[PDB]
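Read the single chain below, which is given as structure tokens and is the form deposited in one PDB entry.
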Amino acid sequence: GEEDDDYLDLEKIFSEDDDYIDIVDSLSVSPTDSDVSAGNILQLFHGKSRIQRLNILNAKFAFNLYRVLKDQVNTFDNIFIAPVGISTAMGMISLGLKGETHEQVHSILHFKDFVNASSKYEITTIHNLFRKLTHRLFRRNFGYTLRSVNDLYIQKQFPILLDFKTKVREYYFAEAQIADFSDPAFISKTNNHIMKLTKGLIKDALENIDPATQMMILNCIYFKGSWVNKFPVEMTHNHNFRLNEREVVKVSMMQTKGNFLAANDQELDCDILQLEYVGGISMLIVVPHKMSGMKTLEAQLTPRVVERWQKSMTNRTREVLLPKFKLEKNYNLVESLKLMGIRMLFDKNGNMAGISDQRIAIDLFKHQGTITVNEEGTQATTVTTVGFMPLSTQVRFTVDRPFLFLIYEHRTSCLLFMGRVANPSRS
């Protein structure tokens, strides 16, 4: 309380060293000439099942989208998105797109790369795979709470083509719904119906939407998992969470001890921890060594990096400190998607002949996700404690600084959620 917990600004502190001025830097000569081409080939596919290959590419798209999305919020804001929802929505919407409008989508979403992966892969495979994936994730219960809505809402004056109406339903277990955004009674009945269907988890689905909207994508998700190794509640204590090199904030910190996979990445200079949830899904926590190292971490996150981390982790008994938190976001991904190159789709002149015979303008892609993280989980994991104890500080994975987290479904390698917790005291 009457004590300060200071981060040490090493560069500032050591710059005062006497020999600072004697540093010999490098001159930027006339010319040099060198380089090294790219090609981020996917040899990650070797040994990967069909659904995993599609999810690896969906993840690749997810990280690029995150890259764009983060530059539209403050570095001190928390971030939460459900990548699988975004990818399935674009797959679904593409069922009614034609020409270049359709191509931008399949290109940027990396659906083109998937079809190209194998000779036996075609656009139909994508829709078939999404049908299967959707069933497994949202139409089955494996032990966690995953409620979601992922539909299209089209103003009634623009009749929806039959083939689209039925295809969306068949391959995505979703609906292209008739709507009347200018009618408050429609909004209320709809929000109310969605609440009942999602057993009270997803509320106000259609709130605050321009009454002149012609068409919009509605993607809302609610998630809450149960830890395999629960965090005992008596271990939950207030702990300082480092916001930046100058500020700290007290937060509820959960703590536990058990055998967890973890790794130290020297390339991206960060620590990675994996926490298992009941039902075959896990949370991957990434904490950069330096707080100024978040931007570079976000900048280089790719499926290849994640696989490298996964293989490098080792199981060892350790203590874990994770702050409990709850993120609730509501984004309009249109602007972000445009920046990624998907533009025709959001221009009235874009070709959506497959959806309606009328020209429809889509300006809203609502992506609203909610996640709650607390100590709830199955149970135990022995409260050992014995003799021999060297007296140095013990091995602990302490998540007390801004971190990123990835939630994957193990069997399909599906990136369900991705987020950044810059401040666990805010949502």
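Numbering follows the first chain given and starts at 1. Here the rigid core means the biggest group of C-alpha atoms that line up within 1.5 Å when the two forms are laid on top of each other. Compared with the form deposited in another entry:
In the overlay on the core between the two forms, a shift of 2 Å or more in CA position is seen for a single residue of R147, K324, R304, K329, which is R147. With the core held fixed, the Cα of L197 is displaced between the two forms by 2 Å or more.
Once the cores line up, the CA of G47 ends up less than 2 angstroms apart between the two forms. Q358: CA moves less than 2 Å between the two forms after rigid-core fitting.
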Second form
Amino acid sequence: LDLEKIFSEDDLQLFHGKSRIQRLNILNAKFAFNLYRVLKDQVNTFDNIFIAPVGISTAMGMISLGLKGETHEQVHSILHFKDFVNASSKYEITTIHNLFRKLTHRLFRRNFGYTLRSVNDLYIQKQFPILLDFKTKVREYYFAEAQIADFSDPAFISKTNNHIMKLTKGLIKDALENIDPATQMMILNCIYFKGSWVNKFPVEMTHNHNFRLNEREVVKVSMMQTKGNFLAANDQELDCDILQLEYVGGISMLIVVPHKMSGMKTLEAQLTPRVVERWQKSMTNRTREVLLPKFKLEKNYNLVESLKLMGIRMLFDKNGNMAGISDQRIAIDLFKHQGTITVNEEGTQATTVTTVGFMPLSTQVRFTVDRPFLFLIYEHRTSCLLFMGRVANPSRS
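For comparison with the form deposited in one PDB entry, would you give the structure of this protein in the form deposited in another entry?
Chain only, nothing else included.
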């Protein structure tokens, strides 16, 4: 059997039947992919991407509690909150907020199997007062806080960073670092996720395996390898494979791998809630040997320009209308969205190691993630898109 060494290559349609929350999340997902479409054009084609959609949508829903007129409407049409209140006459703007309140309590309250935490705050220079009505509704429907701030006082910068560092179990340590002290109003958005794989990867099987970066160049990456039951699907139209990795607790990661290098662009341009639904319904259960590169993404963006490209402009102009937030003229200077995701043999943001034996003895198929791929992290019960990212190069952050 020296052959195994030689053979080896080593060395509405959608809304039908969906709960009210799921519908909202279908719209939030639609926005997310549109946002991604815009974000991707602001980064190199060879860079990885990582964002937490539910965090962005929740930040916009919250901020809008204090917006009015066109300013408010640009935000609601583009976030697609409109499409929702329109889906039926039994809804309304307040419905969006109540639904978001339920989602937030449901997602960010102690849960079994994983840790989901949200940082959704608004910081406003102490010179501009914050209307109490806005302050309580934010805390009421989003459990968030509109805090008074002082971007020129290192005591404020320091306090916030430590808060976020604790909240994210030491993951995010520089939330408000390198921020212009002349800032008047900013949004800090960050979702923290810690979970473990239903099908873990035995640590001794991780090894160097070739990963294709583009049509003509490959690199070595730490490749994890495991066996187990996984749902998977193929998309003939977009020519890509979709593998579903389950975390304990009702949360999964969809690994979307386009067969061709020129396929990524098409997939990114085509990705919508319907496409995802299509993949979900054509999924099948199989015993699979799965090879996945481990990776760690550390991203930090300012979404103001992306939101501007999509059509939300008044909210970023002192001439916009935020009479619901302050009686004084202000506007968002920075919409900071930061987050990290570490994928290893145990799960995500894992701190434990599992050495016991647990793989099935044989597997009918195998799928090797050896080329650029997109990943989507969903919460099953609510069909909520928590995270989304592109891994163009697993050896880069």
